[PDB]
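*Asks:* Below are the chains, spelled out letter by letter.
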Amino acid sequence: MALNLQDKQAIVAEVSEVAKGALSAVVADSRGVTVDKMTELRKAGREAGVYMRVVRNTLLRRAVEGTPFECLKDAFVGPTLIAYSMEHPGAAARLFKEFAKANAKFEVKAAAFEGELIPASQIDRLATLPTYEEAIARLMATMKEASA
Amino acid sequence: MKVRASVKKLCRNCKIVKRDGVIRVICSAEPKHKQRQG
Amino acid sequence: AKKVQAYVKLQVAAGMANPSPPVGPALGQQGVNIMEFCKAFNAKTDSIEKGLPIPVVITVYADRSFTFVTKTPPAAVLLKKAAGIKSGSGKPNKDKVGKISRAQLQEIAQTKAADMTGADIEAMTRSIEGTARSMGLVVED
RNA sequence: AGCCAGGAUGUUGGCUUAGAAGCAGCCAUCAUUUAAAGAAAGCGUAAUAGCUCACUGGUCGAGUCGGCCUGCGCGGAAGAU
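Chains as they are written, first to last, in our numbering: chain A, 3 to 150; chain B, 579 to 616; chain C, 975 to 1115.
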């Protein structure tokens, strides 16, 4: 905590993510370790490189300090710890699914998937955002339905 | 007892208390430290 | 990995798993077997190399039969056998006498990239500089 | 202030020593993952080990810290009809 010209940088980046971000989840790292974040690091690297940033910010004037602009439901995701997993170019492509998997490995917690605000709902682990490009499952029945 | 004209905290654990109008050094960690003004 | 139990890292001998003075029984005695360390450790160690310090951590809880694991070499000793003078200082660190190579310090860290947080392969190297300049080792860069 | 966590890598820095792994010393007192973590402040050891402490993260939700001037008080304060 230097004075104010340091924290505001955090708010700038966080508001940039929340406003200029996408679908995202929480990850409750009460006792964060080396390897949990390392696996999260690989997972974020898969999404187009480094834009699945996950910093340890559960703090009201720090992470809750960008809520008023965008994601105006983060006061209840303001408590003890929420390492919000904000997104960026793309979509939900596999962020929730990958979390839902890596948290179920006993990785510390995600506060019961408190959730971000893409929908008008609060907590619903969905699998309805894996497939967003596939255009070849429609060319599998063309050479088997001509004879008969 | 170190019963001393001069008494003082020695370490972080040493605490100064007066009881019955007398200074004592009382130390949680070190029995040696525990003192007395006399 | 997500949970560790304990580890005693020591520089032991790849050629033969049987030192008396250096470690001998001190290598593992608190549930560790000195008989399981010459029937499996040399099993994987003919497949890379033997002769230099190869630290090992042993997985012994109370069941007497562990699962040996490997390690990675030290980076400050990497500048002794691969960089220049072995010792590094020679004298107390007051006067710069040492040196290193320019093409090296880039590939001599790619081996030990399995224990480096800096994501970029070269951001791994930048850390080496600090390791390589421990005494002020002056690269003719 | 307490109360929950961490208190990590090169590393056990090297010698001289008997052994020296923070803690016998002499001496460099650096660098790394960085929330931070002393080549180490105590204890501890055969020496490791181990135990803390430093700094730092979590709860909590008003005050809090140590200097200056001066008033009055305490101790220092034991003799013999």
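Any given hint could turn out to be false.
Pairs of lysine to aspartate or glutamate, DMTMM-like flavour, derived with a Cα cap of 20 Å [said to hold, decoys possible]: (1) A:39 <-> A:136; (2) A:10 <-> A:67; (3) C:1070 <-> C:1114; (4) C:976 <-> A:49; (5) A:99 <-> A:67; (6) C:1013 <-> C:1037; (7) A:99 <-> A:49; (8) C:1054 <-> C:1115; (9) C:976 <-> A:67; (10) A:39 <-> C:1089; (11) A:111 <-> A:9; (12) C:977 <-> A:38; (13) C:1073 <-> C:1037; (14) A:39 <-> C:1094; (15) C:976 <-> A:38; (16) A:45 <-> C:1037; (17) C:977 <-> A:67; (18) A:45 <-> C:1114.
In short, the hints are calculated from the structure, not lab data.
*Asks:* Now tell me if each hint is right for this structure.
*Replies:* Cross-check of the supplied hints:
1. Note on residue 39 (chain A) and residue 136 (chain A): the hinted pairing is violated, with a Cα-Cα distance of about 30 Å set against a maximum of 20 Å.
2. Distance restraint check for residue 10 (chain A) and residue 67 (chain A): the Cα-Cα separation of roughly 9 Å lies within the 20 Å cut-off, and the hinted pair is therefore satisfied.
3. Restraint check: the Cα-Cα separation between residue 1070 (chain C) and residue 1114 (chain C) comes to about 13 Å, which is no more than 20 Å; the hinted pair holds.
4. Note on residue 976 (chain C) and residue 49 (chain A): the hinted pairing is violated, with a Cα-Cα distance of about 23 Å set against a maximum of 20 Å.
5. For the given pair, residue 99 (chain A) sits about 27 Å from residue 67 (chain A) by alpha-carbon distance, which is inconsistent with the 20 Å threshold.
6. At roughly 18 Å between alpha-carbon atoms, residue 1013 (chain C) and residue 1037 (chain C) fall within 20 Å of each other, so this suggested pair holds.
7. Distance restraint check for residue 99 (chain A) and residue 49 (chain A): the Cα-Cα separation of roughly 13 Å lies within the 20 Å cut-off, and the hinted pair is therefore satisfied.
8. For a cut-off of 20 Å, the pair hint linking residue 1054 (chain C) to residue 1115 (chain C) stands: about 19 Å separates their Cα positions.
9. Simply put, residue 976 (chain C) and residue 67 (chain A) have alpha-carbon atoms about 33 Å apart, too far for the 20 Å limit, and the pair is violated.
10. For the hint pairing residue 39 (chain A) with residue 1089 (chain C), the CA-to-CA distance comes to about 14 Å; that is within 20 Å, so the pair holds.
11. For the given pair, residue 111 (chain A) sits about 26 Å from residue 9 (chain A) by alpha-carbon distance, which is inconsistent with the 20 Å threshold.
12. A threshold of 20 Å between alpha carbons decides the hint, and for residue 977 (chain C) with residue 38 (chain A) the separation of about 11 Å falls inside it, so the pair holds.
13. Distance check on the hinted pair: residue 1073 (chain C) and residue 1037 (chain C) sit about 50 Å apart at the alpha-carbon level, beyond 20 Å; violated.
14. Distance hint between residue 39 (chain A) and residue 1094 (chain C) is fulfilled; the C-alpha atoms sit about 17 Å from each other, no more than 20 Å.
15. Pair hint residue 976 (chain C) plus residue 38 (chain A) holds up; C-alpha atoms about 7 Å apart against a cutoff of 20 Å.
16. Straight-line distance between C-alpha atoms of residue 45 (chain A) and residue 1037 (chain C) comes to about 36 Å, which puts the hinted pair past the 20 Å bound.
17. For the suggested pair residue 977 (chain C) and residue 67 (chain A), the alpha carbons sit about 35 Å apart, so the restraint of at most 20 Å is broken.
18. Pair hint residue 45 (chain A) plus residue 1114 (chain C) does not hold up; C-alpha atoms about 40 Å apart against a cutoff of 20 Å.
Hint violations for this structure: numbers 1, 4, 5, 9, 11, 13, 16, 17 and 18, all remaining hints satisfied.
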